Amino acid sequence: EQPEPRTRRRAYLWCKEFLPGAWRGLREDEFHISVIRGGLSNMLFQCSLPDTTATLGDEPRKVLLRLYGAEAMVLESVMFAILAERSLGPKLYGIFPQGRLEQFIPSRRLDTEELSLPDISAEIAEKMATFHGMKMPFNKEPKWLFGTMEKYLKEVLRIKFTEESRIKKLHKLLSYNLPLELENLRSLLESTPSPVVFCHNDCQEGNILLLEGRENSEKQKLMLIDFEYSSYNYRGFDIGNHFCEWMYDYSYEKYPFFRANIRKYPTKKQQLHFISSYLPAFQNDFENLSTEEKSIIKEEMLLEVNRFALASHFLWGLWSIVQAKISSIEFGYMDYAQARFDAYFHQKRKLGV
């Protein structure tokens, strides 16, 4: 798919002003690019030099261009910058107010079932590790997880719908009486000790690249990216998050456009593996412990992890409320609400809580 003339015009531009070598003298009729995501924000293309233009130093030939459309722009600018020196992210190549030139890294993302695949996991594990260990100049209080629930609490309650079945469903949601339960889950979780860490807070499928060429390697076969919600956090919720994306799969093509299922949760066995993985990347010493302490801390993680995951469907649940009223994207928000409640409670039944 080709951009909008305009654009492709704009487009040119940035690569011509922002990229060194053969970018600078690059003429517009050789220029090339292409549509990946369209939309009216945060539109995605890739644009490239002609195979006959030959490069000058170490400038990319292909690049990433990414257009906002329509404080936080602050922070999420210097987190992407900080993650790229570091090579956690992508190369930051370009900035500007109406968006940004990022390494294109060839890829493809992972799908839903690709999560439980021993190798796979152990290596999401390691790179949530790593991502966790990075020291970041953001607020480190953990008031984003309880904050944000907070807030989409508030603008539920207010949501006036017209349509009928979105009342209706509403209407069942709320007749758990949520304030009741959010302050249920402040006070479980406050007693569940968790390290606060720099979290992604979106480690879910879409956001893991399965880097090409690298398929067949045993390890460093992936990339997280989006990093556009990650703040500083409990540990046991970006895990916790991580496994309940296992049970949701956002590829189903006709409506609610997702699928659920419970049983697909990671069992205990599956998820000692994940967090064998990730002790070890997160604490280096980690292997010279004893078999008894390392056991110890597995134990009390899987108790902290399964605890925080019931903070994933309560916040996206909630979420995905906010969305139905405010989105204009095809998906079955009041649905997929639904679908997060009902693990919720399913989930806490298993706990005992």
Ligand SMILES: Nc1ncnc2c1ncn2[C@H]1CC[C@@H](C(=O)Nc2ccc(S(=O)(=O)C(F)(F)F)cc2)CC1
Second form
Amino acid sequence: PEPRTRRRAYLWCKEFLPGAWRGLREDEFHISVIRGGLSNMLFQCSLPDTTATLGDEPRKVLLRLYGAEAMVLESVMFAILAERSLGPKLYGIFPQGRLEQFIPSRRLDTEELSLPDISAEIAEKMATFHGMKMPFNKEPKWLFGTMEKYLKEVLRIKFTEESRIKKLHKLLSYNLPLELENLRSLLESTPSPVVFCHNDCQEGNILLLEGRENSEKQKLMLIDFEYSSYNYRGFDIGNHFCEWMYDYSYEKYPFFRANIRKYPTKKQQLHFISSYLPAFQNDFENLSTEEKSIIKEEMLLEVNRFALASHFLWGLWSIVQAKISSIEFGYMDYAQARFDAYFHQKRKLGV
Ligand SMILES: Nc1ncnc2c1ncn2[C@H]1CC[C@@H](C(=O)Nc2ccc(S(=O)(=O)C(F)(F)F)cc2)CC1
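The block above covers the form deposited without the named molecule; next, return the form solved in complex with the named molecule.
First the chain shown before, then all remaining chains and molecules of the complex.
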């Protein structure tokens, strides 16, 4: 970072954080980039090793700059999740960004989502997240409201470059407005409890906590709640299952691989929900084998139907990003991949 912003960040840390941060000079302030870009930039700020801690205060903190009533809701949500220890602590909030607890950890990779212990804990963390009471609108308008929003943007897109017109053209040929109504119809007739959903539960949004790699059941934290809202539970689980097929670490264009064969098997899904249901309804454990098994089979139909909305939603989303995003990513190919998966899943389900 340039000297002007380095100023900004020094002051935030000095003005907002307790103990040693308070009596610290500009010439003892360490900050380096974690993630650059023009939106949601991340930086680690730290004390010198030479400087002694006074009280509770942390040695490292993460600074997050927004870059680019939405802010009120996200801030409140983040504060609340920090109070309940479900997210990183919140140390500072200001117009340009926030200071949060730095969680020593790494992101999971796509392959890890299928490891039984990992999958089981995600299901447990997700169930916990789904139990949160939040001061937000409890009507499930997010999913279809967001899909309509992006669809309407998609119909207005026009591309200057030539290959992009052809790609958009193939996508528009599916009759997106009509297909959206097909989806709504299917989902309106699929019962799914409304709950506080993460809405974006992918490997890059799950941290594996340092020094807990040997723990069986408490080694992960869910992060990045920008899309979170009251939603059908089926979406969050179906969305997460879709995320087994996609790997965003791929180092060449289009900067992702899709592997349709990596969608969880019946067995792997059952592994996930068998960890989910006990964690979401505490007395589920005490049902009869028969009653448990009826609930589980029903739940598989549910999440596999909702997985269609994941394909449809991120497909549309991805067309819009191709237009407006600064990030280096093959959006249009990703959109085609999500729609291919959408039509494949309808075939699999017989819808
Ligand atoms: N509160 C949080 N919210 C979202 N993500 C978080 C949070 N806390 C941690 N993380 C991820 C953890 C894993 C990962 C990470 O640590 N990356 C990273 C860390 C440090 C550097 S560096 O400063 O250049 C270094 F090399 F160390 F010197 C560069 C990159 C990304 C950040």
